[PDB]
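Participant: Letter by letter, the chains look like this.
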Amino acid sequence: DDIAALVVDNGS
Amino acid sequence: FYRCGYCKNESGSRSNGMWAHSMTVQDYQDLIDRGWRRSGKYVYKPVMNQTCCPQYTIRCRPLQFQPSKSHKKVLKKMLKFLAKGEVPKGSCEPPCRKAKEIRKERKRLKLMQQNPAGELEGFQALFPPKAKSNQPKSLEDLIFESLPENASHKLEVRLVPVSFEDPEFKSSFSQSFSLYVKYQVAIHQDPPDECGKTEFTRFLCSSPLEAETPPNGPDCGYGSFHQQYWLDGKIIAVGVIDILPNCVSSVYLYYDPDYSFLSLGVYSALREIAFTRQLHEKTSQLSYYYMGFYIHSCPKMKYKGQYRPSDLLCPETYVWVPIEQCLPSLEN
RNA sequence: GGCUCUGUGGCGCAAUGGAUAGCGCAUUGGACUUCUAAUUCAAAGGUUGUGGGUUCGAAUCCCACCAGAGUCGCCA
Ligand SMILES: [Zn+2]
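Line by line, the protein sequences are chains A and B. If you're matching positions, the first sequence starts at 1 in our numbering and goes up one per residue. If you're matching positions, the second sequence starts at 1 in our numbering and goes up one per residue.
Any given hint could be a false lead.
[As the list claims (entries may be wrong)] Residues from chain B that face chain A, not an exhaustive set, calculated with beta carbons under 10 Å:
1. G5
2. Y6
3. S70
4. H71
5. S178
6. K182
7. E194
8. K197
9. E199
10. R202
11. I295
12. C298
[Unchecked claim] Label-pair restraints from in silico Cβ distances:
13. B:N150 with A:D2: 40 to 50 Å
14. A:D2 with B:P215: 39 to 49 Å
15. A:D2 with B:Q113: 52 to 62 Å
[What the hints assert, rightly or not] Computed from the model, here is a short list of chain B residues facing chain A with C-beta under 7 Å:
16. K84
17. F203
18. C205
19. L209
20. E212
21. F293
22. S297
Rather than coming from a laboratory, the hints here were simulated on the basis of the structure. We put the CB at the ideal spot given by N, CA and C, even for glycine.
With the hints as constraints, model all of the structure from the sequences given.
Facilitator: Here it is, written out as structure tokens:
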């Protein structure tokens, strides 16, 4: 997959 | 609005988050199947028609998978590496013919070399048993390796009695923390100062899980465990799935940058599918393999879908159509 | 991720050069103390891996795999 939201996000 | 590292555009759309404290197979399967899209430890209801990056979900079945040359190449790479070991250090950079003979005599010579001889195989005296052929066999036999006359190795897939009282879990916590923080820093810098007790707990320990009550006389193990990898004196643990007896869904996990050229992450999915097939073949009805999330503007999605053919479904339909029909309209 | 070069059967692959093809060590034949110069040569094998293709034949050309080595790459 390819997504930029996953790599940079203030959540877990 | 989260970041879109892609085609530049002003995108406005949100998958509103939600979460319910009631875990059941029907609840979770509905909340992942009806229509949904999530990124995180939450269930999000997607309302998404505003973007420049198409999205879609794909689900497959194990009835049609067969090995290919690339699969053989990766399997051979992994096997040779694990067996013979490697310590590399990367760096940046006389009689003559006649015209009539040439044609007719040579064609007839080939024909009369093929024909006049006794050469034929004869044998006539659920079905994934088979051993009678001069043919290569499937990957099932190669799942387990063979070792020479020496004692230095380890291969095993051990079940995890999931209960937060063990020494291995504590070490795995730190190992995964370091691995994924390093991976995040490498791929794209993200503030790691948020690593606290609650943050790490929700990141790793927390997950939608429930116990399974078998209404049978069982001699087997029920799969909600972790998968490990064997290396020098530091063991890895990468695997996440909870299986009530109708479910097959695995969530992605992080890897160290070394894995980009030494690991088999893609083959991990095939290995887990083989394990599920092995545990299901005994006595059960299960054709379930649901893992799909793609932002596709590239030639990668064809390679991803090579796992096909498989049945497709949009949320207005009641007939299982093979992916071939849906191939052109959306894929091309 | 595709493709580059190698294709007898245990080993070696010698045959090949624009009208191009198979062999050296165990071995069935001479003899008993002694034997890989106790010789030496005469011997058991065959769609040079298949389902097929094109210049006349391909060995030399090609799709898919079976056997092997490989730069640079990737969304894990
Ligand atoms: Zn975009």
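Participant: Each hint needs a verdict: does it hold in this structure or not?
Facilitator: Hint check:
1. Given hint, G5 of chain B at the interface with chain A, holds; its Cβ is 3 Å from that chain's nearest Cβ, closer than 10 Å.
2. The beta carbon of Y6 of chain B is positioned within 10 Å of a beta carbon in chain A (closest approach about 7 Å), and the interface hint is therefore held.
3. For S70 of chain B, the interface hint is violated, since its Cβ never comes within 10 Å of a Cβ in chain A; the closest pair sits about 19 Å apart.
4. The interface hint given for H71 of chain B is violated, since its Cβ lies 20 Å from the closest Cβ of chain A, which is over the 10 Å cut-off.
5. With 10 Å as the threshold, the beta carbon of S178 of chain B stays out of range of chain A, its nearest partner Cβ sitting at about 16 Å, so the hint is violated.
6. Among the interface hints, the one on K182 of chain B is violated; its C-beta lies about 13 Å from the nearest C-beta in chain A, farther than the 10 Å criterion.
7. Below 10 Å, beta-carbon pairs count as interface contacts, and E194 of chain B has one with chain A at about 7 Å; its hint therefore holds.
8. Taking 10 Å as the C-beta contact cut-off toward chain A, the hint placing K197 of chain B at the interface is violated, the least distance being around 12 Å.
9. For the restraint placing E199 of chain B at the interface with chain A, the shortest Cβ-Cβ distance is roughly 6 Å, inside the 10 Å limit, so the hint holds.
10. The beta carbon of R202 of chain B comes within 5 Å of a beta carbon in chain A, closer than 10 Å, and the hint placing it at the interface holds.
11. A hinted interface residue such as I295 of chain B counts as satisfied when its beta carbon comes closer than 10 Å to some beta carbon of chain A; here the least separation is about 5 Å, so the hint holds.
12. Nearest Cβ of chain A to the Cβ of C298 of chain B: about 8 Å, under the 10 Å cut. The hint holds.
13. At about 43 Å, the CB distance of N150 of chain B to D2 of chain A agrees with the hint of 40 to 50 Å.
14. At roughly 43 Å, the beta-carbon separation of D2 of chain A and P215 of chain B lies within the given 39 to 49 Å, and the hint holds.
15. Distance hint check for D2 of chain A and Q113 of chain B: the Cβ-Cβ separation is about 55 Å, which falls inside the suggested range of 52 to 62 Å.
16. For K84 of chain B, the shortest C-beta to C-beta distance to chain A is roughly 33 Å, which exceeds 7 Å, and the interface hint is violated.
17. With a least beta-carbon distance of about 4 Å to chain A, the hint placing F203 of chain B at the interface is held under the 7 Å criterion.
18. At a threshold of 7 Å, the smallest CB-CB gap from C205 of chain B to chain A is about 11 Å, leaving the interface hint violated.
19. Because the beta carbon of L209 of chain B sits about 17 Å from the nearest beta carbon in chain A, more than 7 Å, this interface hint is broken.
20. Among the interface hints, the one on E212 of chain B is violated; its C-beta lies about 27 Å from the nearest C-beta in chain A, farther than the 7 Å criterion.
21. With 7 Å as the threshold, the beta carbon of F293 of chain B comes within range of chain A, its nearest partner Cβ sitting at about 5 Å, so the hint holds.
22. Violation of the interface hint for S297 of chain B is found here, the shortest Cβ-Cβ separation to chain A being roughly 9 Å, above the 7 Å cut-off.
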